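**Q** Residue strings, one per chain:
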Amino acid sequence: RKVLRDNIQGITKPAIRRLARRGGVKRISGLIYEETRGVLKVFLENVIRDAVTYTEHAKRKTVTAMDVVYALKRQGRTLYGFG
Amino acid sequence: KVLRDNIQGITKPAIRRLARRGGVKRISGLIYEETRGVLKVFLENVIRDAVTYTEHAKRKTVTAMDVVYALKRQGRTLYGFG
Amino acid sequence: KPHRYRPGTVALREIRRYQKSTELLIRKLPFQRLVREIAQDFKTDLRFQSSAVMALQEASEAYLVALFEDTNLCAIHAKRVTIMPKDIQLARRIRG
Amino acid sequence: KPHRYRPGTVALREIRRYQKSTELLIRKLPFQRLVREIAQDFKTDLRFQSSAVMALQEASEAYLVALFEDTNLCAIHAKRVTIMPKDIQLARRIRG
Amino acid sequence: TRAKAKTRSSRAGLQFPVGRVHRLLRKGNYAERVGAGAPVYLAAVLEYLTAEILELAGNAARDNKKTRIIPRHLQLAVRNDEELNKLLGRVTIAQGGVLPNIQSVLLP
Amino acid sequence: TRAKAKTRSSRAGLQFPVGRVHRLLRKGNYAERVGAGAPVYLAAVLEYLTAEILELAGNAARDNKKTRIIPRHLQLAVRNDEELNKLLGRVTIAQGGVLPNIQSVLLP
Amino acid sequence: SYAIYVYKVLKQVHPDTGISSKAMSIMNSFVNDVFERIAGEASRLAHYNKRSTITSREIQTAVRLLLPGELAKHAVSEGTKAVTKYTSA
Amino acid sequence: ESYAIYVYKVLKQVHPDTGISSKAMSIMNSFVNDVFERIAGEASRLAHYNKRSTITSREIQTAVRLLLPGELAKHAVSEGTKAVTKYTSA
DNA sequence: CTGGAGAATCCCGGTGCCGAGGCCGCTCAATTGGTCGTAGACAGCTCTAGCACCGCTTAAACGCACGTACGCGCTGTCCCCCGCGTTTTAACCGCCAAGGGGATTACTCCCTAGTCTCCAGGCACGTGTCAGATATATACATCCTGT
DNA sequence: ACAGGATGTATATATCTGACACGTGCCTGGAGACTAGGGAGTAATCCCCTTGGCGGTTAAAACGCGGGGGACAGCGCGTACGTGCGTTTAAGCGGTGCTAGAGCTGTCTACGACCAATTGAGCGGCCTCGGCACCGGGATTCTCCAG
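Chains as they are written, first to last, in the authors' numbering: chain B, 19 to 101; chain F, 20 to 101; chain E, 37 to 132; chain A, 37 to 132; chain G, 10 to 117; chain C, 10 to 117; chain H, 33 to 121; chain D, 32 to 121.
Possibly wrong hints are sitting among the right ones.
[Stated by the list, open to error] SDA-like cross-link-like pairs, simulated, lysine to any residue; straight-line CA separation at most 25 angstroms:
hint	chain 1	residue 1	chain 2	residue 2
1	F	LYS31	F	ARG45
2	D	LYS82	D	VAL63
3	F	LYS79	F	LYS31
4	D	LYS40	C	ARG20
5	B	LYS59	A	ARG42
6	F	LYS77	H	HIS106
[Unchecked claim] Incomplete in silico selection of chain C near chain F, CB under 8 angstroms:
hint	residue
7	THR16
8	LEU65
9	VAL100
10	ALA103
11	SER113
12	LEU115
Because the hints were derived from the structure by calculation, they are not lab data.
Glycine included, each C-beta is placed from N, C-alpha and C at the ideal position.
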């Protein structure tokens, strides 16, 4: 467990089914799971990437929660509950 | 005289031509009245906000800039009038 | 023999022709009177700039163009080619 | 005689249950290592706050929830109850 | 030696700090000058909205016989008000959840 | 009597006016202070983007055998450049029309 | 923070009800965010009309721009009343 | 005051034998002013989030990297960086 | 379709722990009390252009006749994802230990705002011409009737 | 589907004008140069919490074996909107005259920023107990089998 791995399954399939239930989804296609990994992956890359842009500007080696919050704000998805 | 029922002045053929410019190929008959209502409410919101600027602006005539800022207010910035 | 053409052909010609051009497709005076009439609820006998009304026509028709494109995306998405009010309602819901 | 529930029963029960509750559903360490793993492209051996990963889960799950609600609006709007990838794609297009 | 100080909020019969909010306005890069009635007026509006949300959250807390407010009630309160939901349609509240909302065609 | 002046744009090999952009920055309520490399950097970026869109626009005007640029070519330039289109996805240009985009299923 | 002030308002609305720290942080984020929105819109209102001062007029108009219906109306009622009260004192 | 003739100078760099219209120039001025305000606003948030009270070319550079997608941002950093460097030796 | 059986979850009852809530030093920030400079309200006036009004045409709206091309439900096909138990991992939980680095403070540099003068690119405002408005005729393009 | 005919539309070609392009008088805003203040870097530190290790359990991921329940196409019904055309209008075009009011200019007052000194509410840390967690057991509730 040193460098990149098969952690794309880390958001697991039953976890996707649970989150979909919390989202109100009643039936889930088999293609939806792969679609969720890809679309969610891309989205997170965008937002977290922007957070990293803040952090690399911030002259830090540790990503703080504020970078994630401001990153969410950057896309008009402002976050309440972390400062 | 005072104006009344000018919501029908935005004619159905004009709406057809716009929808063709909008890329619509077939238009239901209910769409025309739905469009008058939806577009009406929308314009009430944006223009109303422009009037809020104007009444704040201590003017009796609405300038184009008010409309531009109103469009910006809803994140629909307008190029070509100031 | 009439030269009455077929349903959809002239529509397509309007699509290509009017999407090839850019001029406004609504009469100035009725639209302007509609603006003043709805505007009545703030000041009676309101005076408006002509070019402002023209800008209102610009914004209005462009907004309709984009909204109906989204509507068309929903209709084709929902396997239709005839737009329905529900598509417009869905568009307004997702747009906020 | 197995004690097995019908399709949708457990689904709807967990809908009401997990929508009634508000606790996080993704495992801490795998998701955090996935975050660091994707984050590898900027700095090697990154140190991340635990609470930052907590916020990442919050934004991720909430974003997926809202996005799938819109997907559901499209599917039901398109006369389905089983969501498809192109609904997510349409949602991304309307959102941008 | 000098005359006693009372909060400008109390002079307006308010709880929110006119001074601190006013300072955030001054240091917030918004304009060269901020009118004296502005922080009083703003603090009154925010305290009013706050009272609305807290009042609804209090009610929601009563609906489960609990005296300690948790984020879930704030979620219910925000999404159950049309004008606040219109104010907060793109915002995410941590640990709030979602209002129970299942489309009619999905319910049996 | 004083020394030979020279625009900051030319010293940076730029066309866009450093001074007015810097003035808008100062009087635009953004920060206590704005760094010296900021206006030069900004004018270079905007000038570069301007060159990109005017280049695409000029080519588009050439495509219709005309020498005067009209808004239509600006609309074409914006919606045809993916990154600029992303930058301007929710902005409305008056008298611009749209790109010819008919959904494939709608064509015969 | 503004924590104890939200607690003060809570004691005005529900004297026997408490509140978690995490929810209090959320409310602090709400106050700061909406605050920044209101001040930003007031800032552009000053800009548009070539004003360099944000007064009660700009705030009032901005509130009317940002808040829908009765929240705005009663916000003007409570705010205006309050400004009157301070104008007395 | 507008950027009209400056856009014309850029036009003379890209297409010397091509003309323009006042309305399209107004559109371009609106584009420059709008994108300008976006960049300055984001730079303001960048200074604020880390409680910096100074917007420098570093904040502008990062801001540009935030706003412009991909290769346009890379060439923006290229042209701006080269430009600023070229100026700082004069 | 109507009626009986069972478990999950809620709920009903009973128990102990710790974080929320209340206290307690200890700041440091909001308040008051002045003063200074100025943004902006106000009054009258200018004079554009908006209102108001005149007059004739047909672009455009409205309506009708006609046909066509569009949505939608049902049944079947099939097909695939949900449900649950079982195994297995390894996250989780509970536990052990160093020091990286976040955050701080202390120094000191040096970068950026502010001014005054000067002047030159640009501002407003006129002028001529070729872009563009207009005219006329046609193969090509597009449709469509016809075979 | 294949072929030929008819007409719109851009195109070939040909003509006429005005708004764009360029010039001028003038100005006011940007550059030079200079100062002064103060934001942020650098160095080195403390100690939190991150990293990195041990160790057992079962939550949870993965998988398999049904099988229930959902997407989708065909297809036939069956509608209603588009296209064009003829009539009619008032917008359009263009033409007339005045003054409402945007905008300016000159007033002068009023308001918000600013600084310093004090201080009391609030900040940070520190307990305390009943909210909450935990547990055990039945009603309700919801599902599902049964006749």
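**Q** Checked against the structure, which of the hints given earlier come out wrong?
**A** 2, 3, 5, 7, 8 and 11
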